[PDB]
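Just dropping this structure here.
Selected chains from the complex are presented in situ; the others are not included.
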């Protein structure tokens, strides 16, 4: 019924690296223009831009509208941002699907975008500080990475999964290195070229073309993984080596009906058969993909074994192993081109990020059925089942 | 097909007034609890909570999810935030409608919440300020009230509609006083009692029940309206009197299928017959309701005359007159209980705010057909058509 | 040898009260102008202005220079600021004396000034805050009121003196009340009128003449002294009642040689017979006056019993009691017009503030010999012996 006619994403930049001073919407407009060009669709035909974003503070009125306009999307179309944390970028696509499936839109550019580098430090100063020190809060850590309920970092929820699923430090590091090695492999071999649209960083003493994911470590060893001290719990198991990073990027897909893509002579990246969002305990938020993937697979009518390829978001090696262990799919078809540990985790763009990687591999190796899924902070999961035409 | 079984909202509080230190998500949870109680539905049955919010900076991971949890909605359900500026609150309800219509949920608590008082000041300070003065930005003005393209306050876009539609200073003031007078009459008569749910402001030396809209001025004269200097263009026409304020509040609805509401013995507030969202030039953003209501009316198969009641969001007196003048509906059925000039304009909650007034008046006077609509910053407009059962 | 030909001071203002927005150097100039007028000396004749100030941050290059210039003191003269914390106001005068004593100056204006109200909040942001919350620090508490070594507030030092000298809560409160009552009586009787020079608070909707010390409480009860909880040690004895306050003010003296006064027909307020400064352990910094006063007396050739009036600064009741107890002078001739608990403690001015009160009482009651002394943070004291001609 509803298809992804085309897709694209920026390289994922490191924290204060390639896109340190690059606002989220500028990344988004580049990806909106890209999906338009790749599908052979004019921006004048786009009805609505839906972009997941978690940290828009200080970027001004509705960055989704700013991205759209700069992308040459007309003023008659509509745009908006949404926040389901890590799940946003993929949910935007599902929400984009719903627009078309209910007859409220024909063509929808959806996905997500995030500049964790440009998230500001903030403080409430309307009441006035008569006396005493006050905190300037990092919006990134407050609004993106710390649980609202139990007050600790997402890495502490990773510890709760690691201890519950008795996943050792050695098992988490081996998965970590495996992610880095696969991701260097898929990089050298050009397997990220299709999906990645170059982004021109507008400078002063020189522009810079970024078309390579700069967070991927090259020649990552097990020895350098085992020496790092625990990043959250000081007698724990999760580290900066086996957790995801702080990153900037954007990613999007162009949605339309299966009839509309056929009219236009477009051969789509895939057909969205079903999606699903489900909740879990915020203490073990890393177990989100388990019920959400299972819900999606139930809507699609598929069993776990029918999947040819899977993109399960690596938020932490503890939670990425747990999802894999519970669902029991073949690990050789999971994150075939590495995952978020190596590639990075631009919160709002992360779901649209892993949708690209899934769609292009499905096209490249001839996979029929595929699934994407991310764990979501606050204790939820989102999933989406794709079938190729 | 899809119905609002029940609804509720907090009193709209002034800037740094009744809810000066009350985070949005607390206001949201009360409204969730209210809509659950008023329908006779347990929090356990709620599949998702979709909350429009514009200024969540500093409030922590996904305030929609915080609102839900504190409301007693279980961990299995889902929750997310979205931003289409003023139109966020009403677009939550259409998006919540879409979930049910597409068979992805059975019950949805949609609406919006806003704490403008708690919107922090910010600045991006990762790079370091090697030397010189910097600016601490007001995330309320920047992210909520300033246009991202031309750089000015929304009041200057109200000046562009005033000069284009040649609406004099005297016409706008008259409309400003009429909104205040209508809203005081509805307040004294208890017409806001149904929709408003009391909110307990948790104090230290005494709690405070807020169940009255404290921004409504009592005994508003034309003379105090005509003495205020222009707020934006110093030789212009728009003022603090004829413009909307900065306000806190929350508003929500409980959505389910028409058959489900019949199963549960619930007599709904109304049936959502259509909606629509459209774009226009950001310079004349106030005109958003003109094409958006026209589209909505076209999707419902209705003519403008068929409407028995209308809520057109008074962002400014210049734009409120323009929409009424273009569409040409009988002005005696528009904002009958007053509007945003008098009541307030909590950005994210405003679309859910005006929905509640429409629904409870439609029920109280026996209006069959009704329409709600808001103008959106960045240059857009949303509209929803409601028919009672 | 050297005499104080004239002196003046502003009413001491409350924290964020009369002088809330009045920069320190404006108060300093008013007082500079005053001592010139009161001695019959033209600003043209002034060689240098020396002003103790502790919290000048954000006021600009060298507030002392700004003070002098606005007083009409000519550009050919020189001016500077100095910081020895609480001692700074009185040490300036001893420093002024030394300029004249060594032939480097004929006419010196010396004293101090302080706007604790206008002390700003600060933070070091040049390196950049890559990630995580940071503190905006209160320069008033950081640079004025916290010990640099042991890291606690001056009130905790006050507790160290309380316990070492076994001074009860009851003893501190009575003293606190005795200061307030003496101070109110001296106010009502007009005894502050000679020393105070009115200050014109330049407003916008009306100027305001401040010439009554506003922090002096009227009708202070022992019962309201007994009920306050301890401000520093939550099981301690020092409170906001028995400690000094946070205040604004300036004060200054006009120095020249005894021969020079006689040439001009001036009858001086006093002859500066000696001064001293001495150090003690910072834990017990309130004990500064004990060895300082003793030293000054030894340099003067005077015994303690030869003094007719004393102004021993009340930073805290605990230390104030200790100094009296150790030195053993007649308490009926100490802070006869009340003290800093009642009057205020504008850190940098405080030493000139107490000189004024000493000098004008000595003239009024015909005391021949007098002594002024303040305890200093970081463990120091300063004393100065005055004799009348």
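Each chain gets a letter, A, B and C, in the order it is written, and its residues are counted from 1.
Criterion: a residue touches a chain if its C-beta (ideal position, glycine included) is under 8 Å from a C-beta of that chain, and two chains touch if they have at least 3 such contacts.
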{"item": "Copy count for the complete homomeric assembly [3 present here]", "value": "4"}
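Basically, only the chains that are shown with their structure count from here on.
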{"item": "Mean-CA-position distance for chain C and chain B (Å)", "value": "57"}
{"item": "Chain centre separation in whole Å, for chain B relative to chain A (CA means)", "value": "31"}
{"item": "Centre distance in Å when chain A and chain C are each reduced to the mean of their C-alpha atoms", "value": "62"}
{"item": "Touching two or more other chains - residue numbers and ranges from chain B", "value": "125-127"}
{"item": "In the complex with chain B, residue positions of chain A that touch it", "value": "16, 20-21, 48, 56-66, 69, 74-85, 87-88, 91, 95, 98-99, 101-102, 104, 117-127, 136-137, 139, 142-149, 275-282, 377-380"}
{"item": "Touch list for chain C against partner chain B, complex", "value": "125-131, 134"}
{"item": "Touching residues on chain A, where the partner in the complex is chain C", "value": "15-16, 121, 123, 129-138, 140-141, 246"}
